[PDB]
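Engineer: Residue strings, one per chain:
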Amino acid sequence: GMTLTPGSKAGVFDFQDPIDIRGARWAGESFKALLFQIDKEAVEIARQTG
Amino acid sequence: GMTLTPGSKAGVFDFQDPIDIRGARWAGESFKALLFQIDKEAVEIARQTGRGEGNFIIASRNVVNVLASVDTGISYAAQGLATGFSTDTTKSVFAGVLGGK
Amino acid sequence: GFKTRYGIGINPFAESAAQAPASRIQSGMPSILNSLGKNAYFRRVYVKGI
Amino acid sequence: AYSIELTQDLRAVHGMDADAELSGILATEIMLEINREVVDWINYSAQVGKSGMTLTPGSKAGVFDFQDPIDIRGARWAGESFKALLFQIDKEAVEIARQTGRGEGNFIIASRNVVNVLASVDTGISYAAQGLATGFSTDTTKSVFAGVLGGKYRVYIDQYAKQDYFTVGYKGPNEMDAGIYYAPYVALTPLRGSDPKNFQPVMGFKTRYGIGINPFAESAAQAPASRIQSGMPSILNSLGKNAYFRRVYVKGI
Amino acid sequence: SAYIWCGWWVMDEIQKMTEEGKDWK
Amino acid sequence: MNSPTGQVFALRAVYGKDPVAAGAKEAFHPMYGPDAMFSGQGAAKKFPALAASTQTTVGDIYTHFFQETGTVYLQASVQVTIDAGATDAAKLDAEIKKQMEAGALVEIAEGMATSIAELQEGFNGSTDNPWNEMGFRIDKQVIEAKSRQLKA
Amino acid sequence: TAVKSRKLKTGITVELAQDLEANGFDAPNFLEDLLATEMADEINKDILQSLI
Amino acid sequence: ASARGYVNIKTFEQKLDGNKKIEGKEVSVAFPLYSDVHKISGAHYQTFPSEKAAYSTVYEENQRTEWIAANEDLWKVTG
Amino acid sequence: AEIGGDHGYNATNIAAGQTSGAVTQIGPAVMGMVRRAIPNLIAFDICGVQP
Amino acid sequence: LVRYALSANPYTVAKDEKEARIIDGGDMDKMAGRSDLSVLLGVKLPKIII
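Residue numbers (the deposited numbering), protein chains in the order written: chain A, 320 to 369; chain B, 320 to 420; chain C, 472 to 521; chain D, 269 to 521; chain E, 302 to 326; chain F, 117 to 268; chain G, 168 to 219; chain H, 2 to 80; chain I, 66 to 116; chain J, 376 to 425.
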């Protein structure tokens with residue numbers, strides 16, 4: 320839902336999509352794309368819980 | 320109009336097109352190409368209105384991460400956990416400021 | 472019960488694409504003709520691919 | 269030529285002063301035009317930049333567009349790309365110093381668009397960087413003069429610019445060393461009157477200024493013609509021939 | 302056009318295909 | 117808003133002796149620059165507008181009005197033709213910015229020879245040479261207060 | 168109702184204004200009384216003929 | 002040629018009387034000649050200087066009495 | 066049982082004060098005048114002056 | 376210059392509308408002959424020989 324990136328895997332975050340890691344390359348670029356996926360949800364709990 | 324990059328999509332800014340993000344790559348490059356797209360418009364309001372450069376933005380919870388997760392000054396390419404902004408809306412809707420502007 | 476009365480208004484000069492108004496007495500109430508995507512002060516951009 | 273029945277209306281309904289409003293828009297118009305003149309004798313009289321000796325040999329000869337890998341030096345993303353402008357704005361400011369023999373290019377004027385491209389990128393010698401336009405005033409309301417580059421150039425916006433560009437100029441320490449001379453004579457002497465048949469007021473301003481071209485500006489000629497030579501700008505002497513002013517269109521912003 | 306992010310390992314393969322006389326890349 | 121139906125004036129600075137007329141260019145317009153010579157040479161002589169397939173004689177000044185960023189008085193540095201294939205205004209603009217970017221048709225502003233400005237509209241016997249003028253239009257808008265309410 | 172104008176013009180040659188003063192009148196003061204006298208008269212002609 | 006400048010005089014026709022005319026005349030005068038002797042006043046004209054003669058009728062440096070007879074002929078009366 | 070009505074929302078009525086209801090207001094108040102900003106000079110440092 | 380209003384009184388409505396909520400007391404063509412607040416009486420009298 321709202322936390323997707325329109326081409327993503329819809330319920331799993333896998334570091335081998337170019338869409339999920341935001342076109343990241345090697346690791347420091349890649350693992351920092353998790354921290355942005357874990358923010359994008361931690362925010363989205365503020366929308367559902369209120 | 321005058322804020323297009325000539326090969327752009329005219330009214331949407333989508334991080335997956337290299338002309339919109341200026342050839343940017345991964346994230347710190349990509350999002351910092353928003354902060355330039357968000358300047359180029361706050362400037363163009365100064366041309367149309369004749370009053371001033373764009374003084375505020377309103378925006379969805381998703382771009383406010385994109386604003387909060389990126390180094391907004393002039394530095395290299397940086398990302399991380401959303402830091403300087405209130406990314407959630409419970410405490411308040413107003414979230415931070417960009418570069419004091 | 473509660474009652475409020477407010478009314479909204481558009482900034483003359485907001486269009487800025489015209490050296491002249493139409494009719495010299497004009498409804499400031501936002502309407503499709505004058506107020507839809509015509510303000511200079513507000514520039515909206517759909518971001519995709521987050 | 270405002271009506272005598274207007275002022276009374278406009279004093280009563282709006283409280284504004286009528287007369288002092290027209291004297292507002294006339295006095296402002298002339299000083300906007302006289303100012304739009306000299307900026308339009310700089311962009312008129314400026315040589316085409318990024319041409320001749322300042323070309324990257326495979327360039328487009330007179331435009332710097334961020335989409336040519338030759339013009340941005342193979343740069344990638346933004347920080348690398350905009351920083352390739354700051355080298356293109358150097359290369360001509362260097363090259364005015366060849367044709368003038370006064371100094372390196374001391375100022376630029378430029379569109380709102382490129383002053384973002386200048387204000388959004390670290391202008392020192394550092395890595396590759398981008399971000400919110402900061403060091404410069406990108407809007408033109410507060411004032412048109414926007415910052416300085418590296419303590420060297422002084423970047424004036426050109427708020428009315430048809431395509432896009434930056435014109436790297438020169439201004440010596442003297443009022444003499446210029447490349448074009450704006451010499452005022454009288455300033456906006458107001459004149460008043462009234463239409464004698466119908467009694468209704470008219471008002472108007474006059475000014476006299478005159479411009480001049482720097483002798484030596486053409487830079488290509490070892491000798492003047494006629495030895496007493498009009499300095500008012502024209503096609504022959506002043507068109508595209510100033511050494512002091514060099515102009516480049518920027519594309520792809 | 303479109304945009305598919307491919308690393309240099311695909312371009313290492315592609316610059317090894319066409320420089321060894323292969324047919325598609 | 118104290119009383120309903122509040123209204124907002126707006127003051128356009130319009131020039132050309134008719135503050136209210138069809139196609140009268142607003143003066144201080146953040147979009148459009150002030151026309152470079154209006155006070156200037158443009159009052160002493162009338163410059164021919166620039167239209168599709170106007171063969172440009174070298175040196176003669178031609179007005180133009182861009183739908184974006186201003187009205188200009190262009191000078192032709194070399195003879196060129198404006199390509200009648202460009203008719204609609206948006207088609208003509210990118211036809212001139214095609215020429216003007218090539219340096220052929222370039223842009224100027226200049227003064228007024230005092231001998232023309234000294235006697236201007238009927239001094240020393242002269243006639244037919246009026247001054248250029250500037251007015252102000254002052255047009256208004258009117259808004260209405262819409263109600264709203266609930267119940268328990 | 169929107170207001171409407173009444174406007175009169177007279178004028179006197181300085182050759183005459185020099186004459187009235189030397190004749191016992193007061194040139195600039197009399198004239199200013201002339202216009203106001205006819206306008207004060209010319210409004211009656213408006214009002215008395217706006218009651219009719 | 003004048004080699005300096007030309008003062009371009011253009012007079013506009015008016016009706017002097019019943020079915021008559023003061024003919025409109027376009028003339029260019031060498032600048033140092035015009036400056037020396039020029040009669041123009043009340044002639045319903047407009048003047049602009051230029052480095053080349055802007056009208057067909059051209060009075061260059063040496064006419065004088067040929068021009069002096071011309072400028073007061075700008076008031077000439079015709080039917 | 067008396068109606069206060071609204072203007073038609075037609076910009077013509079609202080400025081005259083015409084009202085479907087019992088009362089026709091004097092007019093549309095005033096919210097103040099919006100002038101157009103005076104654009105800025107680039108000054109003259111760019112070119113030698115010499116008054 | 377002298378400006379003034381010169382309005383017919385309230386409650387005087389023309390006979391065209393007969394009811395209108397915005398009236399112009401001016402524009403005598405409509406108001407003429409319609410007023411409550413004054414009543415004219417002409418008079419016939421023998422002429423005055425000159």
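One or more hints might be untrue.
[Unchecked claim] For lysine-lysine, the following DSS-like pairs were computed, each having C-alpha atoms within a straight-line distance of at most 25 Å:
| hint | chain 1 | residue 1 | chain 2 | residue 2 |
| --- | --- | --- | --- | --- |
| 1 | D | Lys519 | F | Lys214 |
| 2 | J | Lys419 | G | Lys212 |
| 3 | C | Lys509 | F | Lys267 |
| 4 | H | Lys21 | F | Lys161 |
| 5 | F | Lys213 | B | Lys328 |
| 6 | C | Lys509 | C | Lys519 |
| 7 | F | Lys141 | C | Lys509 |
| 8 | D | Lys359 | D | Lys465 |
| 9 | B | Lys328 | C | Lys519 |
| 10 | F | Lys214 | D | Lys328 |
| 11 | F | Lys214 | D | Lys509 |
| 12 | C | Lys509 | A | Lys351 |
| 13 | G | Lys171 | J | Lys419 |
| 14 | D | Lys410 | B | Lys420 |
[Unchecked claim] A partial selection of chain B residues facing chain F, derived with a Cβ cut-off under 8 Å:
| hint | residue |
| --- | --- |
| 15 | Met321 |
| 16 | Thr322 |
| 17 | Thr324 |
| 18 | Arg366 |
| 19 | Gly369 |
Honestly, the hints are just simulated from the structure, not real lab data. Every residue gets a Cβ at the ideal spot worked out from N, C-alpha and C, and that includes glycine.
Engineer: Hints first: check each against the structure and report whether it holds.
Structural biologist: Okay, the hints, checked on the actual structure:
1. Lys519(D) x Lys214(F): holds (13 Å)
2. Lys419(J) x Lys212(G): Holds: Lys419(J) and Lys212(G) sit about 22 Å apart, inside 25 Å.
3. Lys509(C) x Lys267(F): violated (36 Å)
4. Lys21(H) x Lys161(F): violated (30 Å)
5. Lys213(F) x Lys328(B): holds (23 Å)
6. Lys509(C) x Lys519(C): With Cα atoms ~23 Å apart, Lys509(C) and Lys519(C) stay inside 25 Å; holds.
7. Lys141(F) x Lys509(C): Holds. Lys141(F) to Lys509(C) sits at ~20 Å (cutoff 25 Å).
8. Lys359(D) x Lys465(D): violated (64 Å)
9. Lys328(B) x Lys519(C): holds (11 Å)
10. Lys214(F) x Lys328(D): Holds, at roughly 15 Å.
11. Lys214(F) x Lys509(D): It holds: about 21 Å lies between the C-alpha atoms, which stays within 25 Å.
12. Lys509(C) x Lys351(A): violated (40 Å)
13. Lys171(G) x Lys419(J): Since the Cα atoms of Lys171(G) and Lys419(J) sit roughly 34 Å apart, the hinted pair is violated (cutoff 25 Å).
14. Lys410(D) x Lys420(B): Since the Cα atoms of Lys410(D) and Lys420(B) sit roughly 14 Å apart, the hinted pair holds (cutoff 25 Å).
15. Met321: Interface hint status for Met321(B): holds (7 Å vs cutoff 8 Å).
16. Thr322: violated (12 Å)
17. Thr324: violated (17 Å)
18. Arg366: Given a least distance of 6 Å, the restraint on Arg366(B) holds.
19. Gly369: This interface hint holds because 3 Å falls under the 8 Å limit.
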